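**Q** Here is how the chains run, residue by residue.
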Amino acid sequence: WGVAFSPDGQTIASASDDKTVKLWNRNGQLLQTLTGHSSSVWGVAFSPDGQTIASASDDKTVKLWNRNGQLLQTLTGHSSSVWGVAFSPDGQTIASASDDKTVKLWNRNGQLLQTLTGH
Amino acid sequence: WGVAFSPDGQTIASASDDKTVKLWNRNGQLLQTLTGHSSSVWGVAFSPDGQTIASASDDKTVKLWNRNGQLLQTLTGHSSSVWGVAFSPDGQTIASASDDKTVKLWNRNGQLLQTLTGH
Amino acid sequence: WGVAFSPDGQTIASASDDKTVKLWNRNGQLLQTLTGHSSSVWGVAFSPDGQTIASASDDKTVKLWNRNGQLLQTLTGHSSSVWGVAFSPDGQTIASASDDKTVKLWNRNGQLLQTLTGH
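Residue numbers (the entry's author numbering), protein chains in the order written: chain C, 7 to 125; chain B, 7 to 125; chain A, 7 to 125.
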């Protein structure tokens, strides 16, 4: 996809073609550009409370951000491009999937909890 | 996927192999065939209230329908096949994704609001 | 994906590389290994009540399991590898999708309701 809606529908996150995630309002106004990844961004997600955005990148990281664009964490450990990211329904854990078929589970404080499959 | 459940689980929408979307009840009985696309349908989605269906087609359009099968709107602007379509959680916006890596955001009345990436 | 969170976020199901589904707690600790498929597991899903897990396999079946690891049902009928499985939001139907573009709809007692497309 490369697009995610905030739970309240008021903010939309999109993976851009220039290594950023863009946040937009419902009227299609650009609100914020999230800069930090060092190659293409593939996947985006919002937390269930709507206050954190996750991004998944070809740079082999997942980054966590707030709505003001501040980088909160960089989740490092995948050995290939990360294409997918999702938050758990209670918002406390994050799953990430890389194109080498590895899935990792993290806490939001950035701790790797488990590699569910792969390396 | 090419399948979507209504939020109440009572209607199922499927992209068929014949340029249509089919609507089925929970017992697998056919309710409606949505006819109008001029080539393959790839993606389907329901609105959160369950009363509108969106379809994404190789004909480069997204169409919006009601449950009685009536065509409400055609969203034109993608320059390639549209594979994905999704409503926002509040139902007020619609994102569409084409295989040329373009994502467009529309309002619920079919107004194009923004091209989030691509052309 | 190959991963699904239970609706309450307390159990995580993942397709493993060894023909099993693994269930994990929120801390990443293994709870169960679901053994029975005779080749790779591709897709997993939870019922909306969180009490049943579905798995979709290269062995052309979907298996239904409980959180104690007991196999409850095997859904047979697809003539190719099953990659996707999903429960309806009310939990009364299951859709399965195989890589020959067939989608089947089943009830919760394992009755095939309809082949929505394909064979």
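It should be emphasised that the hints constitute simulated quantities derived from the structure, not laboratory data.
Be a bit skeptical, because a hint or two may be false.
Stated by the list, open to error - With a Cα cut of at most 25 angstroms, we get these calculated SDA-like pairs of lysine to any residue:
1) A:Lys107 <-> B:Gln117
2) C:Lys28 <-> A:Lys107
3) B:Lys107 <-> C:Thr41
4) A:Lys107 <-> B:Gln16
5) C:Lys107 <-> A:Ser22
6) A:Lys107 <-> B:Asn115
**Q** Hints numbered earlier in the text: which of these fail when held up against the supplied structure?
**A** Violated hints (numbers, rising): 1, 2, 6; every other hint is consistent with the structure.
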